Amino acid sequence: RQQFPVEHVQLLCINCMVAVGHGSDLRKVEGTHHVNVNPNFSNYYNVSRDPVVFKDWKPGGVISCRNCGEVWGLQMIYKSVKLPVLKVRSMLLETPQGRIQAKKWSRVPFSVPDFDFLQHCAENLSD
């Protein structure tokens, strides 16, 4: 399989395929959970409190495309902070090669850095 710089892969909604994110905004939490840490991201998803029943994070609401209503994943919270956790199969990866839908995050044509909580406090004033 190929390999691109994350900067070169854009996120689209598997369904409506609107440009919704950047692969460069992806982070790994607890190794596995893939969040997006770009604040401007919330402009693309609605949240809905369908709580349901991950050791340092409590799940928030279910997350879905503002534009077609596709479910993308669910919120996750830790020490008062809320991040959108993305399901791989809900994303269309727009590589310079074209568009590929994956079924495991561990198989995306780029590398996703671990999430840095401390440094995420570049966002202290808010929340």
Second form
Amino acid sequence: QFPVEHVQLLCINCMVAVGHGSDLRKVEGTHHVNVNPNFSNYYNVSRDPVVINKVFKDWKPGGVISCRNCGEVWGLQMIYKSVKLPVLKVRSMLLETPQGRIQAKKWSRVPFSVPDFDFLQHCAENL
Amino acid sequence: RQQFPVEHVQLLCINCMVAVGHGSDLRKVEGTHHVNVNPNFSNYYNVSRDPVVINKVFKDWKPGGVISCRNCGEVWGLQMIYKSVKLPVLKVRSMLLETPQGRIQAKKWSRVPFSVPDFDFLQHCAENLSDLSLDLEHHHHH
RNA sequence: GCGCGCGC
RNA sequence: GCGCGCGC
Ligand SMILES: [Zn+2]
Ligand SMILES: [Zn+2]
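Given the form deposited without the RNA, state the structure of the form deposited with the RNA bound.
The next block holds the full complex; its first chain is the one shown before.
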């Protein structure tokens, strides 16, 4: 396990640095989203939204998110209680750590702790 | 419900929608993995030279590179090196099925409107073993 | 789409 | 990275 400040995020395909492990938060203790507003500069969002045959209480899908540099698909946009959040697939984010680059197979098993998303907190850091 | 002849189902990349294959070229490995056995199918996809990692050893096969549309780069699945033979393994959701009744995107191979037969290694080998007598300039050719 | 389990 | 199941 590494302190989260020592873990950076890179696109698994083109390997450009696109984020920081410290910007990740969990939604419903499962989905991992990046809450840093500067992260938006590293991905594109598809015109049409992802179609899901189910209705969720607090969120609805937005478009597909992909690396702005190479087009690699990273996951999708989650519109949580009206707030847009990029949900990342763990395999899409190559981890840059003190022991080298690591490709994790499950968010629940990455070598660092991630805090649960807190809406109130998110509003503080962004208003 | 209705089941279509496999020759009447074409495969298109769910993304760019280019016609890449035919339903008749699919076979099931272990009754689950769906591979395309048409050698000419190779021309429609790319393979990353960095094999997929799986922390499990399989008796008859090992993972190969990640496969994707040679046209748009959409990921289709992974290469399977079965008893030394490379077979492209396709996830159903990455394929768009063009049937006699419009295009259809299934979400599970176990529910497509056609029957995919089992892969047979010996058959595959025979079909692909070089018969030099077939070449006009070979001394065995009649 | 994203997650978890199991299998391969 | 595929399959099956469930969850979101
Ligand atoms: Zn990239
Ligand atoms: Zn394509």
